[PDB]
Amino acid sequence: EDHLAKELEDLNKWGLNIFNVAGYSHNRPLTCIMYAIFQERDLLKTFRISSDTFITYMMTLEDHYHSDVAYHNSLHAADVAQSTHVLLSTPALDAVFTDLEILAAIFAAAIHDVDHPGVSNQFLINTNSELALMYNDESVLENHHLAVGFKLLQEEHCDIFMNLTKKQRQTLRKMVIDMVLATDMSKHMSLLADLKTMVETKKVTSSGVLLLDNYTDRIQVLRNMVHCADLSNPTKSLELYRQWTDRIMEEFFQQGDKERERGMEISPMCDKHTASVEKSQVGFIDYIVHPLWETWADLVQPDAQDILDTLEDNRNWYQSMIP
């Protein structure tokens, strides 16, 4: 209440503590943070979105994240949305995006993992799940998250984009699909290679603000921004990062337990009897998170240097915990 307002004073900051907001919002972190973000950016006024309609959609959307899944629940979506909200304000990106693009990125972050079952795409493919049969083994979960999020927009009492232009709805939909499909980790290397090429040919105004010519360049940055937000856990304070690590390992180890039950091959990092939690985060940082953030930093330099410093410190802490 008074605690919630205090925590929300850091809405525009990387140090915002989403666990605290969840505790003071009746376990509706996604709904609460999305509402705070939309008010801060005047998006309700700009896109003539009624508050009742927005809350109804957000609450329904939130209720579609599974509370018994350790990591991929509404708290993660709320964290990715808030992080995206901060990245969109990076000084190097000042005024580069339209209001419609800003709206799509945050919307995309909110819905990006909805109805996640707590098991990976590969698990769904190997167990011949209905989801994998439906989506022909390609970005199974991610096509699913999009389908649910857009499906929920179909009822009049939930259509937050009702007052957008027809062309605006088409553009937003195209951008949102692009962004969520880009959160599929199997596309990470490809996304990173393309980000490195954009850094290579980076152009700016005299005042250090990126110049993004066509829709193509703008959406490539937005895709990558949402992907960094999704892989932002190790760039946050150690206290936050460790809670995030505890949650993903609980989810991964539960997957391993389901694999063992069924006589399947146990995915190595999902095997509770052998996997080092500490070693695994070091590898995650060295081979995936750092290379991505190093490249993001280059694109928006020097705005992300503090994030990179925190990342290195967190990496060394996990390393120091390994005997």
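Take the two forms, find the largest set of C-alpha atoms that superpose within 1.5 Å, and that set is the rigid core. Positions refer to the first chain, counted from 1. First, how it differs from the form deposited in another entry.
- The residue among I266, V277, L44, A70 whose Cα moves by 2 angstroms or more between the two forms, once the core is superposed, is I266.
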Contents of the next structure:
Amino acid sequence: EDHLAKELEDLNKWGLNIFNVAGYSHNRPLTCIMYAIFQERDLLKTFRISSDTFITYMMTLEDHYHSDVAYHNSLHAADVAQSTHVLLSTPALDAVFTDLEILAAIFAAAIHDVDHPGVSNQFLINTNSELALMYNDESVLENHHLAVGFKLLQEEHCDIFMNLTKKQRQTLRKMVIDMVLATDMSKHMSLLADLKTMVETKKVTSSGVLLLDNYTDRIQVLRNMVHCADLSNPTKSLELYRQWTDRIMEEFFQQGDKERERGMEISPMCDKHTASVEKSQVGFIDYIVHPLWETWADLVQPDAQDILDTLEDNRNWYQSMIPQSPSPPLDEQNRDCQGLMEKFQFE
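To complete the pair, please output the form deposited in another entry; the form deposited in one PDB entry was given just before.
FYI, this one's just the chain on its own, none of its partners or other molecules.
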């Protein structure tokens, strides 16, 4: 009511506590944060989007997130939108992106996990589900997210791109598809390697601002930005990071319950008690999260240094929390089950 207003003061900040805004948004945080973001950037008045169309689309979209799914619910999407919005404001990117590219980035973030069933691509592939058979086992969920994101523009009072030029809409579409498909975890290595290649040949003005003359460079940054935002959990204050960890473990273990229930024998998951939560977060940072953010900190040198420090501290905290009292860890002592990182990896 009025507590929402105070929390939305941290809008342009990394330290925004999205869990608090969830409680004061009447369990509707994505529409809430998206309305906030779009006003702070004057996007509604720029692209001729009325309150009616926007709210209606966001309400429709947010409702297509699963509220019973532990991690991949609308709050995660709210979190990714807000984080993306911060990253767009990064000094090294000031005046670089056009309004259509800004619109594309935040919108992509909003839809990037819509209609997520709380199971991995591989689970859908192993079960011979409709979605796997439609998308040819190829970025199954990420394709679906985009499909749903754009189909919902067709519902009543939902076309927020109504008043865009045929050209602008085509360009927006191309960018959005590109950014969201980039969120495929099996494409992480491929994407990081090219980002490194882009840093190795970076061009800047004397003030520090990056120079990205043509679309190919501009789109590559946005890909990695939304991808960083998606993988930003470990870079947040440990007050939030631990909540996200709790949530992802609940969803992942719930997938493990499904697999047993259905008697799947393709690479079985180790059940909740035998898993090593803390070492997994460490491996997660070491092999995936830190390499990507380190490369990002290079690109926006040195705007993301504070973010990078926070990450390193969080890594050392989870490392210190690894109990040596069962050695080796239980998941390594079972030749049948697979540990958290083992099952997730192999990308």
